[PDB]
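Please take these sequences and the hints and turn them into a complete structure.
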Amino acid sequence: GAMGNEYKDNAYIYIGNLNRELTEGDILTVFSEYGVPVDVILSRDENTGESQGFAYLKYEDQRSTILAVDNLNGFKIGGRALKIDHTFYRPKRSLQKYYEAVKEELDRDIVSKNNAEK
Amino acid sequence: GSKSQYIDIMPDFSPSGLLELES
Amino acid sequence: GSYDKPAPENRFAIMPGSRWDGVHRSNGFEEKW
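Residue numbers (the entry's author numbering), protein chains in the order written: chain A, 1 to 118; chain B, 200 to 222; chain C, 300 to 332.
Hints are supplied without guarantee of correctness; some may be wrong.
[Claimed, not checked] Now the in silico label distances, taken between C-beta atoms and shown as ranges:
1) C:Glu329 <-> A:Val111: 30 to 38 Å
2) A:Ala2 <-> C:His323: 39 to 47 Å
3) A:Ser43 <-> B:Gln204: 14 to 22 Å
4) C:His323 <-> A:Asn5: 29 to 37 Å
5) C:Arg310 <-> A:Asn47: 41 to 49 Å
6) C:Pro307 <-> A:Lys97: 30 to 38 Å
7) B:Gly200 <-> A:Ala2: 30 to 38 Å
8) C:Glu330 <-> B:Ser201: 41 to 49 Å
If you are wondering where the hints come from, they were derived from the structure by calculation, not from laboratory data.
Cβ atoms here follow ideal geometry from the backbone N, Cα and C, with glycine treated the same way.
This is how it looks when you write it as structure tokens:
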């Protein structure tokens with residue numbers, strides 16, 4: 001019940017009820033099984049930088065997103081299970097480097113290159 | 200703007216130690 | 300992280316991304332038909 005049904009462009013998924021020690025890479029570890037995340041963001045505080053217990057992940061393919069919403073939902077991680085829903089929010093401009101720094105690590109695999117830079 | 204570091208947060212990218220036991 | 304199975308046995312033809320260590324996990328939620 002955290003869906004943003006305003007679109008069907010909801011490649012972003014709400015990952016709620018996460019534990020504190022769960023980081024972006026962790027989320028990627030479980031979610032990459034269901035596809036390739038092109039964007040992922042862990043909702044973490046701007047001061048201390050600690051997880052709020054929420055995340056947003058976006059697969060390349062929204063159908064992969066759907067499979068995660070269902071089949072990865074209810075996976076127990078450290079006493080609590082994670083929740084997936086179709087959320088859509090506009091990425092923050094203030095914290096943009098967090099977003100782009102994340103996709104860089106993902107894009108590494110996504111971009112097929114014989115030559116990366118000229 | 201800040202020229203020390205971009206944002207102070209930045210992503211971590213690691214598994215949790217929960218995960219290794221939970222899966 | 301590595302692609303273990305090269306067989307698109309997945310209904311969605313999705314193959315595990317390069318950050319999947321190789322731990323197959325699923326809950327088995329029947330919500331999605």
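- Unmet hints by their number, sorted upward, for this structure: Failing hint: just 2.
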